[PDB]
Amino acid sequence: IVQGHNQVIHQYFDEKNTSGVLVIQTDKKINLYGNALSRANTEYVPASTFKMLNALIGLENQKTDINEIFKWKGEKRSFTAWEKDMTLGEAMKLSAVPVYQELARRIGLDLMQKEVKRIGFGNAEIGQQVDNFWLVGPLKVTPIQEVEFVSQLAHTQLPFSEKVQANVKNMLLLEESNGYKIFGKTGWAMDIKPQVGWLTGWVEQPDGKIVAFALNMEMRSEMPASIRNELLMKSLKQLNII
């Protein structure tokens, strides 16, 4: 059974002509799948997977709250009465918005570095620019570290207030189907070489059991962003997690 799972997911990644790993954490037990398992213990920039930690830090330190609406000058919008208010939670899901850069600036370099060190996220190095360190470095983290982080979040085990953790978890719901809930966060560092893509999160199964995941793969510019979600979903189905 296990050998079949291994073979099929390796092939799924090969079919996309790139290198990737899927880390699965189930009750202290970690399994690796994909065609480039060595990625699991390799450090990469977290890209916007860091939004999870940014939100925790910002909320814990009262630099924002879940009701604040953010605004900026951008492309002309239409039918805004049908757009969700631009809260921290809404911005969690959105690409190329400046909300999390603004939050990082409110937190400030010193507090951000102190918190990242306290959490021990990846190499815990944020350098001197508080509003982009997750995208271009120097902060890096392994896929195993990411799955452990998100598993702790899912279980309310991170060293933040229970309410803050609950609030951030609520921002991360991607889809619910037949009582299964998939929570998670994408990331894509497009401006570094090689590019890195992430999808880190967890499944809450109907009976309440939690299975955490971290997908990490090499991206190319011609890929649709959804390649990450596609690989995740077919792999979770193969593993009978969903």
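Shifts are known only where both forms have a C-alpha. Take the two forms, superpose them, and find the largest set of C-alpha atoms that agree within 1.5 Å; that set is the rigid core. Residue numbers count along the first chain shown, from 1. First, how it differs from the form deposited in another entry.
- Residue 120: CA moves less than 2 Å between these two forms after rigid-core fitting.
- Put the two forms on the same core and the Cα of residue 110 is off by less than 2 Å between these two forms.
- The Cα shift for residue 97 between these two forms, taken after rigid core superposition, is 2 angstroms or larger.
- Legend: core-fitted overlay between these two forms; highlighted in sequence order are 1 to 3, 72 to 85, 95 to 97, the runs of at least 3 consecutive residues with CA shifts of 2 angstroms or more.
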Second form
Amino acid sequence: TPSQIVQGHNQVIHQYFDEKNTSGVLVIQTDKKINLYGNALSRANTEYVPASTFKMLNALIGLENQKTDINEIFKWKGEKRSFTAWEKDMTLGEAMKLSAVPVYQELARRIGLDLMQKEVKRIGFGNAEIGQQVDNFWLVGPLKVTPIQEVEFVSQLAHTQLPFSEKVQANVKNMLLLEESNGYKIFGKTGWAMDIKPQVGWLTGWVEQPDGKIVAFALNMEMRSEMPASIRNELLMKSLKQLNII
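Okay, that is the form deposited in one PDB entry; can I get the form deposited in another entry now?
Only one chain is given; partner chains and other molecules are left out.
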């Protein structure tokens, strides 16, 4: 009789990250209970730059302080953008789905350094430090946040418990919908800080199950330039399936 290796979801997710030859953590929160998965659990309490995940908070601050509205069309003013898909006029919500940096730089500059630092410190996001550069403080420092802090933030968003108006949080939630099928909804925001070393990849969001239960997640991993952007989505979805969340 041979031995049998018993692969629980903890071992599977740890080895999912090992297979990509990188370090990563998946933070899960539901019913005010947080679980850690992956091959680098100490990442969960390490500060990283939020990169494009900060768009969620940018949008909340801009809508709450009436610097924009969900129907405003941000015009493409003619510079070569990083992707041709970004070279069009679009709303805040379309820019959220596309992670269209220049729209959120326009919004950040409307908010202004003063209001932004004060709203970020009021929310208590991460180390709550934005420095003097209002258009990149979430990409190159000084703002940093742990994956646990991101799961706590996004779970509050999903529950409309952040210190913002209900309608503002509801509108930002609708910008983050990624997938709907069979009574499940998945919301989230990817991020990838390429200019810092080591690079950091994010995928933060939540699942709404058919009975309404919310299961929030923050995936955080080291990226390398040869990786496809979809590696974050692949690792998230396989792990969510292994955990029976979807």
